[PDB]
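Dock chains B and C with the ligands against chain A, hints included.
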Amino acid sequence: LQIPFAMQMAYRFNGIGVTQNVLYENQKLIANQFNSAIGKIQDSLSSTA
Amino acid sequence: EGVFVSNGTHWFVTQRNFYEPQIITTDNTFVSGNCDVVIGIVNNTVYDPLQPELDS
Amino acid sequence: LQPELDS
Ligand SMILES: *[C@@H]1O[C@H](CO)[C@@H](O[C@@H]2O[C@H](CO)[C@@H](O)[C@H](O)[C@H]2NC(C)=O)[C@H](O)[C@H]1NC(C)=O
Ligand SMILES: *[C@@H]1O[C@H](CO)[C@@H](O[C@@H]2O[C@H](CO)[C@@H](O)[C@H](O)[C@H]2NC(C)=O)[C@H](O)[C@H]1NC(C)=O
Ligand SMILES: *[C@@H]1O[C@H](CO)[C@@H](O)[C@H](O)[C@H]1NC(C)=O
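Chains as they are written, first to last, in this note's numbering: chain A, 54 to 102; chain B, 1385 to 1440; chain C, 819 to 825.
Extracted from the complex, chain A is given alone in its bound form:
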C-alpha cells in the first residue's frame, strides 16, 4: 500500500510508545540525524576491513 514516508515514521514512533506529534514537530532534525548516521557508516566501513 503506498503511504507518505513522514506518515510511516509517525506510526513507527507510535509503535515505540512516543506520541506521533513528537515526529512532526521535529521532522527536519530527525531527518538530519538519520542522514548523518548514514554518512558515518561509509566512514566506518572505509576505515578497516
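Derived by calculation from the structure, the hints in this document are not laboratory data.
Ideal placement from N, C-alpha and C gives every residue a C-beta, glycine not left out.
Misleading hints may appear alongside valid ones.
Unchecked claim - Examples of chain B residues lying across from chain A (beta carbon under 10 angstroms, computed): (1) 1387; (2) 1397; (3) 1400; (4) 1407; (5) 1417; (6) 1421; (7) 1422.
Okay, now just chains B and C with the ligands, sitting in the frame of chain A:
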C-alpha cells in the same frame, strides 16, 4: 484512531487496516503545537459534540 | 454528562 483521509470533498478519520471513515471530532483527535510547525498540514473543521447540546 | 444538564 488511525489515519486522516479524503475522498476529494470531505475529510475523515479511519482505522489503518479496514476502510471505515468517521467524522473528525474533539474525541477522535488531540491537539499539539500550532498550524505553523507541521509539514504538509491541511485545513478542515473538527466537530464539537458538547456546545450544540449545552445550548439547550 | 446528562446529570450535569441543569445549566
Ligand atoms: C465524500 O464523502 C461524503 C460523505 O459520504 C459525500 O458527501 C455526500 O454527498 C451526497 C451526494 O453525492 C449528498 O447527498 C450527501 O448529503 C453528502 N453528505 C454530506 C455529509 O455532505 C461526498 O459526495 C463524497 N465525495 C466523493 C467525491 O465521493
Ligand atoms: C488555513 O487557514 C488559514 C486561515 O485560518 C490560512 O492562513 C492565512 O493564509 C494567507 C495566505 O497564505 C496569509 O496571508 C494569512 O496571513 C494567513 N492567516 C493566518 C492567521 O495565518 C491558511 O493559508 C490556510 N491554509 C491552507 C493550506 O488552506
Ligand atoms: C508534494 O509534491 C508536490 C510536487 O509534486 C509539492 O508541490 C507539494 O508541496 C508536496 N507536498 C508535500 C506535503 O510534501
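Hints versus structure:
Taking 10 angstroms as the C-beta contact cut-off toward chain A, the hint placing residue 1387 of chain B at the interface holds, the least distance being around 8 angstroms. A distance limit of 10 angstroms between C-beta atoms decides the matter here; for residue 1397 of chain B the minimum to chain A is near 14 angstroms, and the interface restraint is violated. The interface hint given for residue 1400 of chain B is met, as the beta carbon of that residue sits about 8 angstroms from the closest beta carbon of chain A, less than 10 angstroms. At a threshold of 10 angstroms, the smallest CB-CB gap from residue 1407 of chain B to chain A is about 21 angstroms, leaving the interface hint violated.
A cut of 10 angstroms between beta carbons decides the hint on residue 1417 of chain B: the least distance to chain A is about 6 angstroms, and the hint holds. The interface hint given for residue 1421 of chain B is met, as the beta carbon of that residue sits about 6 angstroms from the closest beta carbon of chain A, less than 10 angstroms. Against a cut-off of 10 angstroms between C-beta atoms, the interface hint on residue 1422 of chain B holds, since the closest Cβ of chain A lies about 5 angstroms away.
Violated hints, in rising order: 2 and 4; the structure is consistent with all others.
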